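Next comes just one chain, in structure tokens: the form deposited without this ligand.
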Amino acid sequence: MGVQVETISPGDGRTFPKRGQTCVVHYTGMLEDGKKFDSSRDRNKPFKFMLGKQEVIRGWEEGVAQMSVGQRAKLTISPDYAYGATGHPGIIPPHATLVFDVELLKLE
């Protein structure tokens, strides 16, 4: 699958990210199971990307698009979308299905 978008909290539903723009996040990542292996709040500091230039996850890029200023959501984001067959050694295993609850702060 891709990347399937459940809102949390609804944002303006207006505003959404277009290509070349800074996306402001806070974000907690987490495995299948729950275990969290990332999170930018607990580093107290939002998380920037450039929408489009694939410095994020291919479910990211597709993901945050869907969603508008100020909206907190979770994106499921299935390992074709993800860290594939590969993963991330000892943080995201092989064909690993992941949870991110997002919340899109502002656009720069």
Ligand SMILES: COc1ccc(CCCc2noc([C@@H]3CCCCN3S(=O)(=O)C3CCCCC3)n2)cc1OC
Given for the second form:
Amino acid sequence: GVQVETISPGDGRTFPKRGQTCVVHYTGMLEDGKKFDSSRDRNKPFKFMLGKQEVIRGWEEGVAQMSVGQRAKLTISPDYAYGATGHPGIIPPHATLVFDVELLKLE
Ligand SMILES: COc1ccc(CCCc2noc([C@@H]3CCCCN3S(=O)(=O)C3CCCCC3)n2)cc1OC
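Now show me the form solved in complex with this ligand; what you just gave was the form deposited without this ligand.
What follows is the entire complex, opening with the chain shown before.
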């Protein structure tokens, strides 16, 4: 599934609810540290809404455990990521993913 390890704590009180928009910054890496994507590189947070199949499952469950202000490492098994297909040219088949995620805001 998904493991969450805190890099810097959030407020411990403001957690994402079903149907809220999560605003984050992330960097995604393969297990060997190779970077496959980063919102920080584009100077523009990523947004998604819980409960709408908008993100891979490990994000849905992992970001849901975070509170506003938290920065965490999410380690996601391929069943909870891109599985056998991967993402063409970017994420290989059967890849465990590591994300550095910061939950900036709920809208
Ligand atoms: C619940 O499962 C599914 C539900 C929905 C889909 C559609 C795609 C949703 C999605 N798009 O991006 C992503 C992830 C996580 C959010 C940040 C962006 N990334 S990312 O890992 O960095 C990715 C890497 C390849 C290049 C594009 C960015 N999730 C797929 C699902 O499973 C395969």
